[PDB]
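J.: Each chain, letter by letter, is given below.
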Amino acid sequence: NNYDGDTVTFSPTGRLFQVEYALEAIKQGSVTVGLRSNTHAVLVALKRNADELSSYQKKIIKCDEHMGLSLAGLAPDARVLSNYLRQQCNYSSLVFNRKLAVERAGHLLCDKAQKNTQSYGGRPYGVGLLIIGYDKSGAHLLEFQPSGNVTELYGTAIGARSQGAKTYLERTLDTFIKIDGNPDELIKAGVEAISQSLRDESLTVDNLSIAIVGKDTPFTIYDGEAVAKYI
Amino acid sequence: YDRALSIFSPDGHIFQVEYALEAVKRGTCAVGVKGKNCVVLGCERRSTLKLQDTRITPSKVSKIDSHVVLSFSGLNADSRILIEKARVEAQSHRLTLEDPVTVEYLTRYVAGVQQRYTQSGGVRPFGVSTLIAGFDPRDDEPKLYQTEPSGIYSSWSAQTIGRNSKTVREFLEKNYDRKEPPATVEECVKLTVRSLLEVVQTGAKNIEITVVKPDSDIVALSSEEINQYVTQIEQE
Amino acid sequence: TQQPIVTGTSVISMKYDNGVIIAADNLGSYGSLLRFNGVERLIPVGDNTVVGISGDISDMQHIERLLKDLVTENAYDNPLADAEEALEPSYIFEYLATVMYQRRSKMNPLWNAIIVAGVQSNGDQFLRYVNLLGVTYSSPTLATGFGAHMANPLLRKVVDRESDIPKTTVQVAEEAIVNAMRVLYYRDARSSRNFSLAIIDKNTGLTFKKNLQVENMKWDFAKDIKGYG
Amino acid sequence: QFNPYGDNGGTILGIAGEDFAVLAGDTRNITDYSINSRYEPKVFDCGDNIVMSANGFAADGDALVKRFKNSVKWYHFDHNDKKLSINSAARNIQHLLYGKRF
Amino acid sequence: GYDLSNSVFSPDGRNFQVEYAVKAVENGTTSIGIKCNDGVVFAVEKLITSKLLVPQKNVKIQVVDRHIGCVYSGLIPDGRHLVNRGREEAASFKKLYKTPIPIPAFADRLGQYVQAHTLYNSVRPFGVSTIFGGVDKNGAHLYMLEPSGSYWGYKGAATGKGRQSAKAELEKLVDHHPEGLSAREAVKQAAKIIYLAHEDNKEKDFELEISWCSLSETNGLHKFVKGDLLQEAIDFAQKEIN
Amino acid sequence: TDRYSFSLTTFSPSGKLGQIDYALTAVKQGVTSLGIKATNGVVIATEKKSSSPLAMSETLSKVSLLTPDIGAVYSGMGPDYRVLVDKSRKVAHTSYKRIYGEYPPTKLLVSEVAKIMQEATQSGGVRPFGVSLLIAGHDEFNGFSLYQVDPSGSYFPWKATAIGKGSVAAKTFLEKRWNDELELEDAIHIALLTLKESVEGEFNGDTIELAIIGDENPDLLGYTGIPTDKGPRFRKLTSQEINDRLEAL
Amino acid sequence: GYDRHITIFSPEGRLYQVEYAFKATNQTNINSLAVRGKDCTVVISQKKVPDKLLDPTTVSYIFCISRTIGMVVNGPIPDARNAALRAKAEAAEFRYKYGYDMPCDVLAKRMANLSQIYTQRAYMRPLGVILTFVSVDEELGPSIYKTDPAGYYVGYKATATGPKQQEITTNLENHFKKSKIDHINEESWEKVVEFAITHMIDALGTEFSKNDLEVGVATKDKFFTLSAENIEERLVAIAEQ
Amino acid sequence: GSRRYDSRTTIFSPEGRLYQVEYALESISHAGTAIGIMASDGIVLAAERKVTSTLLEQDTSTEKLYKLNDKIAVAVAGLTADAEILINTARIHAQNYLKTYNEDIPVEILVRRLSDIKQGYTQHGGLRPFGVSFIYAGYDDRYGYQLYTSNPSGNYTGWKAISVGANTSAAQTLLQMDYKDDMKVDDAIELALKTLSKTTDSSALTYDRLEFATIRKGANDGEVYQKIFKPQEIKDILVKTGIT
Amino acid sequence: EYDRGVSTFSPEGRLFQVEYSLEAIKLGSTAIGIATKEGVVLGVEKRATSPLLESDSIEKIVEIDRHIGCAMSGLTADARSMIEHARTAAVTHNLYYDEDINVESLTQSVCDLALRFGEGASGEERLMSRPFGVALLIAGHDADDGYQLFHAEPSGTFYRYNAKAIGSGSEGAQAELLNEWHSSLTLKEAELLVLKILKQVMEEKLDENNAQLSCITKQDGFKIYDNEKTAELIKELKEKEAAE
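Protein chains in written order, with the deposited numbering: chain f, 4 to 234; chain d, 4 to 239; chain n, 34 to 262; chain m, 9 to 110; chain g, 7 to 248; chain b, 2 to 250; chain a, 11 to 251; chain c, 2 to 245; chain e, 7 to 250.
Read the hints as simulated data drawn from the structure, not as lab findings.
In this text, a Cβ means the ideal position worked out from N, Cα and C, and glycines have one as well.
Please note: incorrect hints may appear among the correct ones.
Unchecked claim - Label-pair restraints from in silico Cβ distances:
1) c:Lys199 with b:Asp187: 40 to 48 Å
2) n:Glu73 with a:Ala99: 34 to 42 Å
3) e:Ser111 with g:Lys208: 50 to 58 Å
4) d:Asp102 with g:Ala97: 53 to 61 Å
5) e:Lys205 with d:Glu227: 48 to 56 Å
6) n:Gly156 with f:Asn41: 20 to 28 Å
7) m:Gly107 with g:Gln118: 17 to 25 Å
8) e:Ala149 with m:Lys108: 28 to 36 Å
9) m:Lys108 with n:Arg68: 53 to 61 Å
10) n:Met140 with g:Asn33: 49 to 57 Å
11) n:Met140 with m:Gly33: 27 to 35 Å
12) b:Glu201 with a:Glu29: 18 to 26 Å
13) b:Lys88 with a:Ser20: 51 to 59 Å
14) g:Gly186 with f:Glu195: 53 to 61 Å
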């Protein structure tokens, strides 16, 4: 109760322990996997209902027609970040008549979480985001940790059993980057990636939720009997 | 300051709520019975020690309106704050909206004071339970509510809160009907008296009776008026 | 509040088919008295925008801060955040506009009129006008100040519509800009003889031609009349 | 002294049809007897088949359109890709106007 | 006892929360800084934890001003926030005095800031050491900033797991040039000793990044190293360690 | 954040506010200082202690001025008194030089300073100061007064009193020497004689600080030529003069 | 207990938390010595440069608060720069509102109050540095004031600081007992620098270099620092005496 | 931390009772006695100091008795120091009533206000309550003379005669047995002195250890004149009642 | 420990106070909700804990607005604050757009309030140090998605349900919900289904003095049924138990 009851106290291991606990929310939580080529980015999320008389819960939030985020951890923590990113993206359109860039929105988010973990009585947010978007620089796919740190990849995963999904993406790594101009292929490969993350959680046509963004494609969420084109 | 005094207990409870309800047990005892034409709020007055003036000992029943009263069980210090705050809300309704207050309005208002200090940190809620009674204007139906320092309210048609509420409740089970209140004011007054003589005790010294009848009729009856009823009760 | 205190003159500008041209004289006058000459008003941002600022010189400084500030903020966070997150004249435009608007609301505005002249990454022409009010518009031929109706008409004499931009070349424009600056100097008291000239090209970058003088003036008919009439 | 209004003129015309609407306007922009520019339309599409023109003074006129488009976005974000009524649009714009009436 | 806040103090004269924060950077990346005559050359080891990453996209080198390089090691989100504050400081100075902030001035201000969060139990300290420097009219400067709020003049500095490996070579480099040395040549050096400090990181693999601020080449602005110059440095360091 | 707004003064389970009792202990760890009230003046005296033999006791102030006619002297902690004398001066100025204009009555000012002590035993992030003050003064209304301010935030008038580590012995000393009528000179002798027994170092006049709120002195005001207005009734005695006094005990 | 962890009294009336602040200035192994000359005040202090890789020109324990008042600090360097900053702001403050440069005496008093305020809170850590302010004032003459973490201050004829400062103190006390005045007589400030070095060498038992010393001199209306070269000049003059 | 150095002092106990209030009553029993009696011609306030020293001046000590306004005074039993703050709050509340209504404040209102402050300390802020008990002598035009006692919890109770401070048990019973409702100021003056001599913390009650004060209706027209007696007049009345 | 803190993990990896909240839905009187495409029905258990309880003006059916209805179950002091905030949210939409607010978005609005734990993290004004302890069945009809039924948690997370039962008997009721829910239900078969499952967990008897029904409908609005209708449906329930 020395360093685990305070959110202001170090730690000769150079940690804050709370952040590790906030990263255990991801193990208990949902799984989502992102992968990109150089021309499209794709999120494949495993939706989960509360019981069988429940509709399955949406796990992808549209932030703009060039941007989307997806959660894998706690929903109430995700509610703060979704609002914040939309606010900054609309601010970029208003002020600079610009899309907001992918890298830059991650940076704003990182330093936001930091000063709420700094303040005593606060909490580190326990939801991990995959932030995808298409800007001038092409596609980008960021991994957002509960630390707040942002990392740039061609393919990444988080959630429960994300480790196997990175094995899968590292093997098909040179395949899906040298497919360009066809978002379809990426989606098929993404289904295979999150099948390395099952525990009898099956993938159905109402468990699978896809979201893409292209150069010529808006941010679009596919659901229904329209995800069964990639099954 | 924001270091909480409200902290979740391992039973799905809050420490300060449980303590508040303990303070209501330990404190004064109020019984409320409604007739078909009246409300009676009787509450324990504290004057047991000898040589006290009872015009300057705390009012245990305070009128907020011309026909809505507020009575209490629990601490005697925590309760005065709520009395004052209730009065303001009554006057506010009458200023900005119009229309002498309804009993229900004030019932919800008092419960809404309890909720703030529970849910907030750096503060603790009042350890006070209240009997809110009275009438709605233009209606001849009397209304008896209780609120408790949790922030819950529930309607009753007889009720007791405070010390030895179990004892008082059992007496009223045989001599009260839920579906037929008293049809006479004197019998409502005498029934509230008979309950208070169980716990409180020692004549009509520590007994109070406030009566509200419709047409905006509030009367307070001094203790000597209550003596006369008590002797009839014993004879019977 | 803010009324004119030290006030520059006018910025003139037009498109050609492969860039745009923009020029201004070096003045902050204090009424009829031309109190400060040599006061520079063309400001380059990169080799893809020159911004011509007209209006009050005091407020001009508070937008020179904001231009410096803008470049540093864009360059912050990625070293790739100014190479392919590269600034566009449209982005520079919007920034100044929106800030200025909110400052006008405080009843203490940034009293200016700006033309933002540049070329895109694709190489389309960008020429647009903003002012303290927030009144915006585009034209093939633009000016600010007294030049809005003084100098600008001569330029707009060549280009009556915008499907005529590709029919205007660098050397037809060049000549007209020199002459419109002469018109401006002729028929406005507040102005300077010193003038600076910039060319923004998308095939050479920015070429800066400093401290040109207004020459080819005509004065030989200033002595064939004796008396006021 | 500073007076922050003006008249940038222009004219717009809105006609309700049977299953259509037309909203038209000129592209002439002026600031007294001056013609600032021959070409600057003033009818912008806002998405979802509302068209908006805020005409008169250009500075206020542009401000409205920006803010309204921001609201369109937030509508799709928080009501989960909600269809934006003409009607709904009207009430929202009125709030933008009333907000600056001081 | 004395390990539950940053405003206890021990009878030993030691603050352990603060000391403990240096250990955070000790599990960070290796980063070096060579103080030159014309400027400074920073280099930072970027660990590769998989091959799904996109190299030279994950920035630890952020520029503060148009002439101060900053690169940091330790807990990454924390260091990005420290740089966040310092950009505000840069703009403020420019606004009031109309000139870019000096290198010593920036060092000063960051020291105050890191001081503040070890004086209250209501804010949490940082977990980073930052290395920054540049060129101003007082000359080239190099500074390293501890999470205690300490800095000094530095002929050469390092931090990270392989700070020992780095510093040992820097001593010999002052033997090679007791007159200091040129920025342009120090680029090749900078690579050399990250490869030497990757022998403490020899169960992992790495990506080399290099950045420079020098008055003799880049006109005294902080820029990145890339392209042909970069791959010359990479090749140099390889052959030496092989 | 700010989560320290819970008082650091509390009661003990045996009654008696524990924090101000500890603060009263620090006065018995402090230096000795005393005040003897005469019927035509007041004298206050304290001993100077330093942590160095190279320290200057010529820029060391343990007897300080609040207003010309009122002086103060402590026993207890140095640092605590150093800030507290500034707050005493500040309220006296903001509430009786900008509102009532003139230098306050002694009685008034003593009450006001006790309120600040009180407000360091109410709030969080503050525990009280651990000195006791003797505030000697004269007003033309209630005459000469000598008061003692507690670390509890109360005041008491005394006939003669001491504070410090030797306070208990000192009031026993004053019992037999004290008389309802005293001269100011005789008071000086009594005061220094009691404090010689409450110092266990050497007792000099260079290391003993003496001050009287006794006779007016006009030339210390700063001007002369209106005698209806005077200068300070406070007068600090220089060192050589105190040496003369050591012989007068 | 927990009257030793926050600044609240014990049953002795003692603040242990504050006492600990003194105990940390020995951990940097910096000594200083400051004496009042005849028309100057000289402070000489150690400069530790343990490596090459530390650049010695930068390692400074001397901060100019005023034009006329120098400050030399013994103890941890974060707290030193923090204390310097507060003091600088306050000096400027007083010049602005009172129309002359802040007195050394009043600056010492100011920092004493602020120190007390840092021990008045119960989540604020005292600034552990011991500060020496040296000046030549035009009203108080040559002056040394040393403030300390508790918020006690007193004037000084001379003073020393460091883990080994008793020895230094012994030397200085004996000198002013032979001379029988509170400031060294000479008439060239240069020779007061030389004298100060001699006493320091005796006290710590070690002869110093031009980069083991850093020297500050306040003459009338000014403070400046000697460069490392000037200091080497002094060490030749040790030979010359 | 900051929740690491707070154990929670101002919560309820498992009997519904505030830790700090319960400790306070004990600390007020350490402090000297103060008794209030109400005659049908007045109110007598009589207080014995909690300090009496070797050379303490008590001849001018006005350290228990304070006039809140020219018809309401208090006797203090508890910490003198703690009491200060509320004493001056009370002065302000009283003058405010006069300022805005052009009338003297009722006794009821003034006491109820101060009680609210006490209740407010444990209600919010983490702050402790002042360990004070007051006995109020006050005149109003609606209940005449009113007598009140208030406690550190923030509650008021009327009395005809009441005691606070040290030895409340002994004093209270003797007062009940000897007090009659037709007593005067003369009778009450003597009754208070006799009760204080059974509760004196020394072995004798002395004139300079007594503070004695009355509010009398013998002042003309039925006006109430408050008198805090001089030390020679207390000595004067103490030999009259035959203690000394 | 970690429920002694206001916002602290918890070696489990998620907050503790939140769990104890979920174990406070077991202190309420049942609330059952059945959805069809002919209306959505909420029935609630009023629960006599005393024979002298008047139960005919106690309501746990609360109107958010004409097109959105709500039932609460759990600790109902927490719900009092929530119903006020929700009411305001709905009305704010109707002010800003003069349009009907969706059911989903309303529930989201109340879920933002459930989010307030922590005391010094995000930029909003923190008005608790704890999450709630009450769950809502917000029923409603919107014009986009049609008829809708939502379950709102003290987590600040919501799920659309087609049938949900909360309260003390939540799990034993839900077991029946899994079998008996089908898409051929109509408004009235859903109504009898409430009464069917509610009777199992009714500790006394089912009658119309401890139960109230309410519907939300597109074509009649929010109507809270009178006790007559409730009683009649109860008699019609007993005829299908005699058909088995």
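J.: Indicate, hint by hint, whether the structure satisfies it.
T.: Cross-check of the supplied hints:
1. c:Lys199 with b:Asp187: 40 to 48 Å: holds, 43 Å
2. n:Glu73 with a:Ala99: 34 to 42 Å: holds, 38 Å
3. e:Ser111 with g:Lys208: 50 to 58 Å: With Cβ atoms ~56 Å apart, the hint holds.
4. d:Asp102 with g:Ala97: 53 to 61 Å: Roughly 59 Å apart at Cβ, these two residues keep to the hinted range, so it holds.
5. e:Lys205 with d:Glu227: 48 to 56 Å: holds, 54 Å
6. n:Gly156 with f:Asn41: 20 to 28 Å: Since n:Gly156 and f:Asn41 have Cβ atoms about 24 Å apart, the given range 20 to 28 Å holds.
7. m:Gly107 with g:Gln118: 17 to 25 Å: The hint (17 to 25 Å, Cβ to Cβ) is violated, given that m:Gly107 and g:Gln118 are roughly 41 Å apart.
8. e:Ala149 with m:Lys108: 28 to 36 Å: holds, 32 Å
9. m:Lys108 with n:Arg68: 53 to 61 Å: violated, 38 Å
10. n:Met140 with g:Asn33: 49 to 57 Å: Holds, at about 55 Å.
11. n:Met140 with m:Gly33: 27 to 35 Å: holds, 31 Å
12. b:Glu201 with a:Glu29: 18 to 26 Å: Taking Cβ atoms as reference, b:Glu201 and a:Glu29 lie about 22 Å apart, which means the hint holds.
13. b:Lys88 with a:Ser20: 51 to 59 Å: violated, 24 Å
14. g:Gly186 with f:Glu195: 53 to 61 Å: Holds - the Cβ-Cβ distance for g:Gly186 and f:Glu195, about 57 Å, lies within 53 to 61 Å.
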